[PDB]
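Undergrad: In case you want the letters, here they are:
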Amino acid sequence: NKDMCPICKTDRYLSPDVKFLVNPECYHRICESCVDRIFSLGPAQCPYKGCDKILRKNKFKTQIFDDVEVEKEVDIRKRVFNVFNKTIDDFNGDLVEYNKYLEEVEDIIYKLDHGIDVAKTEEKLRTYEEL
Amino acid sequence: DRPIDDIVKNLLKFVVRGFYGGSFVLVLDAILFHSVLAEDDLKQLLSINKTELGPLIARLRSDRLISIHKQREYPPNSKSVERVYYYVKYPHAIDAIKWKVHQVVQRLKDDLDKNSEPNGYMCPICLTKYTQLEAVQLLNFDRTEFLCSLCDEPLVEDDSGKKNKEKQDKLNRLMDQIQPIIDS
Amino acid sequence: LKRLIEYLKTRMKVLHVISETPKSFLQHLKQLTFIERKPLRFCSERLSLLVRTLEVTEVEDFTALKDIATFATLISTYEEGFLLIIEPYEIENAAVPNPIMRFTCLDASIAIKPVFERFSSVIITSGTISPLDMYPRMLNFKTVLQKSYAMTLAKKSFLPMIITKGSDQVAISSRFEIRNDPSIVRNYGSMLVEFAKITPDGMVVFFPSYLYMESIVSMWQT
Amino acid sequence: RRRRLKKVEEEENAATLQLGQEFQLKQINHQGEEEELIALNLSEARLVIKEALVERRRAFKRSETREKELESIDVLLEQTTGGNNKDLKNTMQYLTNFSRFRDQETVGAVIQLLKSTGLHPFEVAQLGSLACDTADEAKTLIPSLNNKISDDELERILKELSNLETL
Amino acid sequence: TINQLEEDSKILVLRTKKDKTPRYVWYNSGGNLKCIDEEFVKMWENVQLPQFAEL
Amino acid sequence: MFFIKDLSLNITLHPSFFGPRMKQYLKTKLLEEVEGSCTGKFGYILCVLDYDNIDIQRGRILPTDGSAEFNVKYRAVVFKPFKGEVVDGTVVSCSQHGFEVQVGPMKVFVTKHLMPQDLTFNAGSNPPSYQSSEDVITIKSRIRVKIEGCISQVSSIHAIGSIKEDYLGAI
Ligand SMILES: [Zn+2]
Ligand SMILES: [Zn+2]
Ligand SMILES: [Zn+2]
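Residue numbers (PDB author numbering), protein chains in the order written: chain 3, 9 to 139; chain W, 2 to 185; chain 0, 335 to 556; chain D, 11 to 73, 117 to 220; chain X, 220 to 274; chain G, 1 to 171.
Chain 3 extracted, bound-state conformation:
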């Protein structure tokens, strides 16, 4: 539910203390109380049923956008744009090559968003950030 935390099962109505805490590894509607419950002792697996991804308490954050897919796309764009930051001044005014660079960075962002080529793109971005 967009209003209710499935892990602790508490409504917004009679308990307005819950918060929209999400995890970049796996985006789950989990309140701050459940986060301070489970992951304060240590890293654990995702309390959502059907998911078992490891996750950390300090990596938790609140979701800015209502849509989960848009939020993860923006987070992936943040994780790419920090190292992928060539500008038109980096290209010495070459507009066509800058547009090709924009196409390439949007394509690798899309690939990381859908996970179709996650291994090769991840290796490429590691090799790019090592410079």
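Source of the hints: derived by calculation from the structure; they are not laboratory data.
Hints may be right or wrong, so weigh each one.
Here are the simulated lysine-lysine pairs, BS3-like style, with alpha carbons at most 25 angstroms apart [unchecked claim]:
no. : chain 1 : residue 1 : chain 2 : residue 2
1   : W       : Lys51     : X       : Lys239
2   : W       : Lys110    : X       : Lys239
3   : 3       : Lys86     : 0       : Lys447
4   : W       : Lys101    : X       : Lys253
5   : 3       : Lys67     : D       : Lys212
6   : 3       : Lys10     : 3       : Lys94
7   : W       : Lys115    : W       : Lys168
8   : 3       : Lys27     : D       : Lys192
9   : W       : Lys99     : 3       : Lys27
10  : W       : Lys14     : 3       : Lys57
11  : 3       : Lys17     : W       : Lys101
12  : G       : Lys5      : D       : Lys36
13  : 0       : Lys476    : 3       : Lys119
14  : G       : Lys140    : W       : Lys130
15  : 3       : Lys94     : 0       : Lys364
16  : 3       : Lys86     : D       : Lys201
17  : 0       : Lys372    : 3       : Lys108
18  : 3       : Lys10     : W       : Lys14
We have chain 3 already, so just place chains W, 0, D, X and G with the ligands on it with the hints.
TA: The following block gives chains W, 0, D, X and G with the ligands in isolation, referenced to the frame of chain 3:
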């Protein structure tokens, strides 16, 4: 009648059908059908006894589902008695229901938090619990077993954490059952 | 487009009025979403090209996309003389809040600026344009000559008058806060009744706002 | 002075900087004035206690690798400290094994390097104690560093301290 | 018939303490009578309201 | 955690120590039950710093005991543990309940519920240890442990350790 009155009638019906027995259901449904009842009214409609309605009236007064009016009148035979009138105060009753369910879920959450604490220990001879903090001050010279302060017995582990998932599942099974109440 | 719409939804959720320039909005959008101004300037053209190439038979589901593309192009291309207002309450009479995002044009000369550039001679004319010098200050253009004629009449064909008070010398006004005053409404009703009694053919009655009409006509019928 | 019970207080947590009412930043010394709370890192503690022990040895007289240092501090403890030295001997072997810096020059210049941070004495003492290698590792080990130091400054401080540690 | 309607939550009835004998049948205008488990019933009884004026 | 603090202690001198050099018996008697003494209010007191001048003021004779009561004020180095702090140490004992790690002068017990599940007890090893897929926890092994709960009595302090957090465990 008023749809909001229908909603509060269904809410009181659901709470008395869920958290109360059949006689309580009959009493509250009698009040929800016939708005104000006296003792003889309920006794005639339900064929119930004065001591039989005793715990029912006591519980719905303590839980504020039924209010009482101490009006005495003057019948033409002049054999007047100070009769009591049973009726419902809807906002007070729904506030009492709200407070009761909120304290139930908060107490269950606090019990879940106490179950999130590690297992600890309990000495079976003395039947006294021992937390993990006080176990270390009571360990042996061999650094192997925790011994009791009085019984001097090796401590055995409690179950604070093993039933934590059980308490969470109890909370989940409470939550979907109370869902019509929160919807109301 | 999806993340731009989600950013607009994020900006929509607020408890007070924000008066921000397009530049500040673009900086906030860039630092929170990594959307730049130049891709936003091509949003309408790219959306139209995509809709053409998709060859969609139905277009009823993409009208809000037209609204979003219009907003994006307008707030990206224009930064000076424009203002973005996000009001938590569209109408104050509503119980539930209904937030609204208004992108208004503060400078009226922007739209008419290419008209005066394209055409050398423009004849601005109205029967009731006054004062004449207000508009060259409002709209950045120069007038070679401006003048207002007064009709020459054998007899005074029209008789204006200013009515400042009712029959009982109670002052009459149409301020929206005092529209429920029974004295002012009674004076207006008596005036309208007498004018309807003394006018031969017809009457036209003008009100400052439609809600003022609704209130005063409802209590007139009352 | 008031006689309130004042029994309600938050638990002593190093993450939330709560170390107790007897461990505030300002401490009243025996000469009267408020003075900054003294938190020693492990190398700093070893140097201070060794200086105290050699001072006591000099007072009694008037009245480097880890192997050769352990025997020296052991015979210093035997010739300086009397009974109930088991806790002190455990502390000295602990500070010998967990010694980031050996001589006084390294420790003092580490103090003046950490004084440029302007952070809490407890967290810079932990930084001088814990041998963290990456900034996020120090952040998750010491929760006080969250929203307290810049990541690049923390990274350069940690890699500097890695260069500063000897043997 | 009364018992199979009662377990179907179609009617309301009161039975004697010594034996499950139906005596007076009512109409069940509400829902299921066994929607709440016994543990949630008994922990409901463990809480209380402080006073009429506080809440 | 190690600290330097100014402390005051009430010391009773027996009348036999009312000699011409009472101050040195008083300083020694300050030494043997403060050096290494454990107090729950101020932690394990390690060493009394600045011995040459120690605030020994005029001492009060107890009215029925006859012993002199001196409130000696002194500066000493202490070691007070806290919850939520990370301390390194060496394991000194191991068991199926867990293992005890020696930190400074104090031993902290890490319970069986506070290791990651890959670590399990192996009593067949000599000495008994905790074995995992990547590391072992044996006696005389350096290990980094965070203290998450500590209890202090009037003269004894005990703490609970855990290594389940990342960037903890063996060093
Ligand atoms: Zn939750
Ligand atoms: Zn997950
Ligand atoms: Zn016992």
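Undergrad: Look at each hint and say if it fits the structure.
TA: Here is what the structure says about each hint:
no. : hint                                   : result
1   : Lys51 (chain W) with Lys239 (chain X)  : holds, 22 angstroms
2   : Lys110 (chain W) with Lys239 (chain X) : violated, 38 angstroms
3   : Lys86 (chain 3) with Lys447 (chain 0)  : violated, 41 angstroms
4   : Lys101 (chain W) with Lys253 (chain X) : holds, 20 angstroms
5   : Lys67 (chain 3) with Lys212 (chain D)  : holds, 24 angstroms
6   : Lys10 (chain 3) with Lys94 (chain 3)   : violated, 38 angstroms
7   : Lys115 (chain W) with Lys168 (chain W) : holds, 10 angstroms
8   : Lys27 (chain 3) with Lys192 (chain D)  : holds, 24 angstroms
9   : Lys99 (chain W) with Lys27 (chain 3)   : holds, 22 angstroms
10  : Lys14 (chain W) with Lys57 (chain 3)   : violated, 35 angstroms
11  : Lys17 (chain 3) with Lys101 (chain W)  : holds, 17 angstroms
12  : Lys5 (chain G) with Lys36 (chain D)    : holds, 11 angstroms
13  : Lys476 (chain 0) with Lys119 (chain 3) : violated, 57 angstroms
14  : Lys140 (chain G) with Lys130 (chain W) : violated, 33 angstroms
15  : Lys94 (chain 3) with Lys364 (chain 0)  : holds, 16 angstroms
16  : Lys86 (chain 3) with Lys201 (chain D)  : holds, 23 angstroms
17  : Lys372 (chain 0) with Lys108 (chain 3) : holds, 16 angstroms
18  : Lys10 (chain 3) with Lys14 (chain W)   : violated, 30 angstroms
When the structure is compared with the earlier hints, violations turn up for hints 2, 3, 6, 10, 13, 14, 18 and for no others.
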